[PDB]
Amino acid sequence: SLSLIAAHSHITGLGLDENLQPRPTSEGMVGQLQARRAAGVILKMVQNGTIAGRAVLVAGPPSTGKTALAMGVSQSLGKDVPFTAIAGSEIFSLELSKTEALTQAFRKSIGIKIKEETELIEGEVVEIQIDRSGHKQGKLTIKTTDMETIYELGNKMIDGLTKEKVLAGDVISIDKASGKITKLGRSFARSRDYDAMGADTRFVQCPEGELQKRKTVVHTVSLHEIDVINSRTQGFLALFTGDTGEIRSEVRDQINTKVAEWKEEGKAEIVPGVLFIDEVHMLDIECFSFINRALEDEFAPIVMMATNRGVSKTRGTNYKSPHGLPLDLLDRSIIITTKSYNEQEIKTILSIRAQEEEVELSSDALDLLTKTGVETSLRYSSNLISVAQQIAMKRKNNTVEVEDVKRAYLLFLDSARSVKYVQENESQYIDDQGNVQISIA
Amino acid sequence: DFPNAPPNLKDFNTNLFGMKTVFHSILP
Ligand SMILES: Nc1ncnc2c1ncn2[C@@H]1O[C@H](COP(=O)(O)OP(=O)(O)O)[C@@H](O)[C@H]1O
Ligand SMILES: [Mg+2]
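Chains as they are written, first to last, in the numbering used here: chain A, 649 to 1089; chain B, 120 to 147.
Just so you know, the hints here were simulated from the structure itself, not pulled from any lab data. Treat each hint with caution, since some may be false.
DSS-like mimics (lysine-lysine), calculated; alpha carbons at most 25 Å apart, straight line [unchecked claim]:
| hint | chain 1 | residue 1 | chain 2 | residue 2 |
| --- | --- | --- | --- | --- |
| 1 | A | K995 | B | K139 |
| 2 | A | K787 | B | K139 |
| 3 | A | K813 | B | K139 |
| 4 | A | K824 | A | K787 |
| 5 | A | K756 | A | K828 |
So that you can see chain A by itself, here it is in the shape it has in the complex:
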């Protein structure tokens, strides 16, 4: 995937053993042993696929691995298991209601693996002979790399051939169920015949193997995609534009019934996934009341929620809540907590980040960065690493040292020093009341 080195680019997954016992450092994660155990238990719950509609809350101080834990869960899940990560503010739209946005998010987190059986004949047509008066009759020859057979054509087949304007050297595919004819391309022997080629023309080889083939193909389509396709007459365009509107409830019920019928017949399989809502405290009370009932569904996915606020005010209400969330939602949610790191864990995290950013830190520089991290913040030192690397490179030195980190510390401030400077010079910065002294003398 197109990517650059990002904040969570080093997490290959939860470093869990066979017994769901975390390793001290593995797959790019350090510490948080209890939280990683809980995340692994939730991951195995997702993988089993029997339990439906479970809410998980991730709580802890900021910069403590909540989003890191979610990234690890996503990486462990891998592909073929949907994982929709959205922010708290993303659901607010001018087109969709909040309930509709949450419904679409929930349906995106469930995937349907559907099997379609197709029987086809493919080959390069060698000779076509058509006789017409009464109805017409004709014979046709199609060859493969190791087969050749002459077929007799009905009147409708001849009509289809004529309306497709098939000539010799063309590779075509016919569905014996409907008789529809699709022109794959032309043979290589006809390439020399022209100097400029039309937009439609394509040169393809002669297909190998048997002329008539049976094949089954599995497609991964989310529930939301099925709803959008079956809503309008061209919904698959809305799957890209996003102008889907508030899909009818009866459409969703029909799609649920259709998926159940397919699952009974064994041509569709359900692969439940994980819905991750970042910063759930930005949601409203209406959204939470919807989520409470949404989880009580057979098709409902497993919802992961990450919050950092303690006793804060729930949006849309006039009262404070234990995590910024109403008690009813907290009742139906199991909580995974995170713990602040010590010096050694911060040192290991900084070393991992330096390795990911291909920056060769020194021992003294690493110690200084660890001290700054424990004094101020982990993200501050993590961001200082690359700036120090650039300063060192400007000094035509291939390794970073204490002087480069010191210069990076001096140039780029943190939250504490910025607050100190804004408080020392309150008169030159605009305040809540709007007063500011632009003049100096």
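Based on the hints, put chain B with the ligands in the right spot on chain A.
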């Protein structure tokens, strides 16, 4: 028919209910 005349029998049965090659192609 308008002069109170019956139509052709085969045409009647067809209307109640409703050799040489013409195209040959071969790759050289
Ligand atoms: N246990 C850990 N192992 C490895 N990296 C971690 C760990 N905890 C946090 N980090 C790193 O620290 C940075 C802070 O991310 P995070 O803790 O998710 O912020 P927040 O929790 O405030 O959303 C991330 O880039 C993450 O990679
Ligand atoms: Mg986060």
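- In ascending order, which of the hints set out earlier in this document are inconsistent with the structure? 1 and 5
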